[PDB]
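One chain follows as C-alpha cells, the form deposited in one PDB entry.
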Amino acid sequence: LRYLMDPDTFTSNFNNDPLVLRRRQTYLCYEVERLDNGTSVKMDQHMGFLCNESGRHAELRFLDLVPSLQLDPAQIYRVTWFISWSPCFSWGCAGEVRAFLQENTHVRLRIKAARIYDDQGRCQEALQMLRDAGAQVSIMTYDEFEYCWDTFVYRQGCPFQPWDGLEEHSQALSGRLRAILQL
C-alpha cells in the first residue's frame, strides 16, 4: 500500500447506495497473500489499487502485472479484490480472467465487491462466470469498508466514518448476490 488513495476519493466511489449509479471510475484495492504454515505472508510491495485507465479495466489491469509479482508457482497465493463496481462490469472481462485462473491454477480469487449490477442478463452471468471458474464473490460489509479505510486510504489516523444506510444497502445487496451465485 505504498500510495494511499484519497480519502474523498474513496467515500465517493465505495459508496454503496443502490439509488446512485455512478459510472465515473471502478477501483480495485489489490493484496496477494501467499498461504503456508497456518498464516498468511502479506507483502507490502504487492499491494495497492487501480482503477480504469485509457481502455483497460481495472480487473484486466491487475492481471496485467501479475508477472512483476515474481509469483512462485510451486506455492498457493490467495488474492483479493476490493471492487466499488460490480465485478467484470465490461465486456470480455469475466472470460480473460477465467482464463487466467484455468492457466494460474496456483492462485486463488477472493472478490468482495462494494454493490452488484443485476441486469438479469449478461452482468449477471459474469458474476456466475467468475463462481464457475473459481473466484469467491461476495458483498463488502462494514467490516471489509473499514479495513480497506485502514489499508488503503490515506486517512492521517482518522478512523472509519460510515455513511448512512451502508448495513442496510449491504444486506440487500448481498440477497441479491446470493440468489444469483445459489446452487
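Between two forms, the rigid core is defined as the largest C-alpha subset superposing within 1.5 Å. Residue numbers count along the first chain shown, from 1. First, how it differs from the form deposited in another entry.
With the core held fixed, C88 shows a CA shift of 2 Å or greater between these two forms.
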Second form
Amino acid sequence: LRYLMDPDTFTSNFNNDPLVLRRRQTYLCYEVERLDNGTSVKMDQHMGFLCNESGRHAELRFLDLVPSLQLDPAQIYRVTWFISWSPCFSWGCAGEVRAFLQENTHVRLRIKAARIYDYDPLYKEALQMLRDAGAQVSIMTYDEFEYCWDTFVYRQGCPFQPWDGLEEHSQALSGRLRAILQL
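What would you give as the form deposited in another entry, now that the form deposited in one PDB entry is on the page?
Shown below: the chain alone.
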C-alpha cells in the first residue's frame, strides 16, 4: 500500500561517508505518532518518504503535505524525520520549520540526519535555530539506518547490510553536530 523505496536509492542517499558527493538530492523518510496519554499510536497512513522536486527541498515539501495528514489540533503528535541531509537555512528550510513548530505547538519534531548539509554557509545557524524551536536534532547511527531499511525500503525481507565505516562516520558526524548544538 504505502510505496517502498528502491534499496539502491536508499543506500546511495543515506551513505554517511564524508567523501561521497551526493548534494543533488535529499531523501526524507517520515512517521507520525499520536501520543494518547503516554501511549504511542503510529499508523501507516502517516508514514512515507519524499525527495526534492522542482527545486524545492524535501523538508519544505514535507511541510506542504502536513494539511493532508489531517492532524487533529486537540491531539499531541511527534513527527520523526530520517533525512539524508540536515536542514539548510539559506533556501528557507530551517526558518519554515521553525515557523511551523511555533504555529503548531501540538506537534513535536525529531530530526535524525545521515550527514550535515554544510554547503550552506549558515548551516550551523540552521541547526541551532531548529534546536531552539524545540526540534531534537541528532545524527543517524546504525540503529536508525537499520530501522529505515526495515521500514521504508523495498527490501523483500532482506536484512540491512551496513556499509564499511558506518559507525566511524556516524560518531564523527555526531561529535561535529553536538559541538554545533552545545548548550
